[PDB]
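The chain below stands alone and is given in structure tokens; this is the form deposited in one PDB entry.
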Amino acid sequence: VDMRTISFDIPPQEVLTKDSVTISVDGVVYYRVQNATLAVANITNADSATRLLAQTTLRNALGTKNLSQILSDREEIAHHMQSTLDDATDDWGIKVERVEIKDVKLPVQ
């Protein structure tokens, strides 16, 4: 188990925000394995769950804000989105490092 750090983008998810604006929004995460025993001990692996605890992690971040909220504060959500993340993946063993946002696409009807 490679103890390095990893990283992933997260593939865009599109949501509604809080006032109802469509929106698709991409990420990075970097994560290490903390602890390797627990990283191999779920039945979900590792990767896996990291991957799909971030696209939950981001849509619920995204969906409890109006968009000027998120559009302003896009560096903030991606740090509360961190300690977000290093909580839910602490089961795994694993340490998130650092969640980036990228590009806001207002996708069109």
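Numbering follows the first chain given and starts at 1. So that the term is clear: the rigid core is the largest set of C-alpha atoms that superpose within 1.5 Å between two forms. What changes on going to the form deposited in another entry:
- Following superposition on the rigid core between these two forms, the residue from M81, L53, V33, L62 with a C-alpha displacement of 2 angstroms or more is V33, and no other.
- Positional change of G93 between these two forms reaches 2 Å or more at the C-alpha, relative to the superposed core.
- With the core held fixed between these two forms, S72 has its Cα displaced by under 2 Å.
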Contents of the next structure:
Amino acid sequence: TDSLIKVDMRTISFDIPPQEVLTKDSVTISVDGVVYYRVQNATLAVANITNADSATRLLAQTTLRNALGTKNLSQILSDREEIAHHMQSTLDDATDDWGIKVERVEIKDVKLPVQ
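With the form deposited in one PDB entry already on screen, would you show the form deposited in another entry?
Left out here are the partners and the other molecules; the chain alone remains.
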């Protein structure tokens, strides 16, 4: 069926709002990020609009916190691509149930508050 309702099938992005994280070397940081994704299955995505919108954003936040909590501050700067690619794999696993491919994750800013 050539459905009348159509969905953007190309790369789009949402921001992960700043998450407060404790590094392995005990530094308190605020980290925000960007998730790049696209609908790969229009039928699954249309079926899961409510179940994916909320759940994906929260999972992006949790995925970030868990990944960064296991690293030293130094590692977060130098291993940023490894960390991001690991997050992308974790996020892409969960989003498949909702017809979404996560293509890329980027760690944006690491804020250091008054310690």
